[PDB]
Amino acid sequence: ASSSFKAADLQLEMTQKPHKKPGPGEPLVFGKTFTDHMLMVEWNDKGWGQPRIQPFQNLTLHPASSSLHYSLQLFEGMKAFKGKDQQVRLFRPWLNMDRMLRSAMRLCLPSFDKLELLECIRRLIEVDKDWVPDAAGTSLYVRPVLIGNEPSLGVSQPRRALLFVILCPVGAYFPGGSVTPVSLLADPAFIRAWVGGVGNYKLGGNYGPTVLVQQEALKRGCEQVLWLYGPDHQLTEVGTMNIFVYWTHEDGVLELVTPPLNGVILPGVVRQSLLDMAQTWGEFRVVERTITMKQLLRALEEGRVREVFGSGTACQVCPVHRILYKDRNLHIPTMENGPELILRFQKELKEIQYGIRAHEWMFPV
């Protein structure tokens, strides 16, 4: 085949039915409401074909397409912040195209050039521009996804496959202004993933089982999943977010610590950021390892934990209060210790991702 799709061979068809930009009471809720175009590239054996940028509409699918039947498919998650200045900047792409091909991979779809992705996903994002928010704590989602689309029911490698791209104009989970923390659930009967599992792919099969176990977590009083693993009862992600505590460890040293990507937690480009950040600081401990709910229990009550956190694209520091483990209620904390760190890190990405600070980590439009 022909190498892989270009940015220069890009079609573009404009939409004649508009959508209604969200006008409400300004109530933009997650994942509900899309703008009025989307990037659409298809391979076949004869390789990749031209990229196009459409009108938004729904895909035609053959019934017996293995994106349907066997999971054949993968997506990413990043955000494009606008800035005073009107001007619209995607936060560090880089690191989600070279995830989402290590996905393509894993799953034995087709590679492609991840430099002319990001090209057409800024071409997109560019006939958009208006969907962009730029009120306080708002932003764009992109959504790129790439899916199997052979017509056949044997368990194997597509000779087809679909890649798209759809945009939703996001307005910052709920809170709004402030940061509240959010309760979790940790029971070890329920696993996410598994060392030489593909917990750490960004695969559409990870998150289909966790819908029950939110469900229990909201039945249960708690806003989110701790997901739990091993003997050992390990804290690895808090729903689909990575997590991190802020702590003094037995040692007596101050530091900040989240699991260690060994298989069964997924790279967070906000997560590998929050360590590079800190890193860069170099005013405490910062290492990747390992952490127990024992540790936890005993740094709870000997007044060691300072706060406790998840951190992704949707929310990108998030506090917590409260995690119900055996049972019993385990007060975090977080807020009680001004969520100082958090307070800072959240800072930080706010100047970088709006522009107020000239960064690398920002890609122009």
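Residue numbers count along the first chain shown, from 1. If you superpose the two forms and keep the largest set of C-alpha atoms that fall within 1.5 Å, you have the rigid core. What changes on going to the form deposited in another entry:
Here the rigid core is superposed between the two forms, and of 204, 175, 267, 188 the C-alpha of 175 is the only one to shift by 2 Å or more. Annotation: Cα of residue 23 displaced by at least 2 Å between the two forms, core superposition.
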Second form
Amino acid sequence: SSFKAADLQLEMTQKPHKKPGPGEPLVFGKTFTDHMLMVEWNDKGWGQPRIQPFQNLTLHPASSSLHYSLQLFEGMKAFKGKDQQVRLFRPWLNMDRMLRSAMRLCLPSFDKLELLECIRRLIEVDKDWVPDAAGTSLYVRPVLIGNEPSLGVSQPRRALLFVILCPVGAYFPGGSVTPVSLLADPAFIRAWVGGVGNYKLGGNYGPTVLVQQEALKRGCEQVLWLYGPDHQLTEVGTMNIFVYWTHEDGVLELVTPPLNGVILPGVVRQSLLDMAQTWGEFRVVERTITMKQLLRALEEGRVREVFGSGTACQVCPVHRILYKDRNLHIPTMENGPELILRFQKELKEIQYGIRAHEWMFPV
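Switch from the form deposited in one PDB entry to the form deposited in another entry and print that structure.
No partner chains or extra molecules come along with it, only the chain itself.
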């Protein structure tokens, strides 16, 4: 059924593009690498995978990817250490999530490890594009779209899988943690139980653009997505949320919302849970967090740190939440931020190859 890496076609570029410098401030995903991966699917099966020069897609105007959002994507980073070795961070989890997303949209199944090997081969070809400066990396963007020339809402009989790469600079200006303010208004819903918010589908993102603009108009940087009558904290923009506090039972704990359907199962999210569990210094749980619980904890001075997690930012500190038109200062930066700095340090040691780990996949 699946495409094989052993069947890979190679077409090197004879028109190389200008590489960005470590000194020039880069915007997220605007400058791309020399090559891309492309695999075509039809009802008879997958075609042969190919590494070809970066080029535009040729799509039929009726392609189901453009009309009925038969599209999904992934996002992972490749890191270059001082010894020039490029490594991907827990890519197996991204491949797992990509296949789950594909099944939800009735898009073709593929072998997760064959796609991983094809992606490894692609990054190997564009190795010189992976930067080595502090906090920089190569963003990998796999995409699977429906491509049937039909206006009928049905299972695609044609599909296209492609992977593009882009060098990204340091998220924080310089190399120090800067906090974000969040708008928490229950009128905005990102996902729902029985919905598709737990899959990385394009459809979950388009509607967020206007809401993010509303957050900016109200003086906030990101949106704190609330869910249900009890105003459950779900996500911070397009990042998973973590709260480090002394809970109502008097125990020091790190909590993040559980995977009940409205939470996207983040790779960094899973890594922070795994890392903190291994330390065994405090309680680490997956449990629902409500605004009522957070309000009470803040007034009682029990909150230490609140942060967002994702591939783009790793660990993003939160200093303010605007809920029901009331400002809530989150003492994250006044508490170090001890845990965020510890997570940042240990993730960078694993990611840049200072410490050898099972989480890293060598390219």
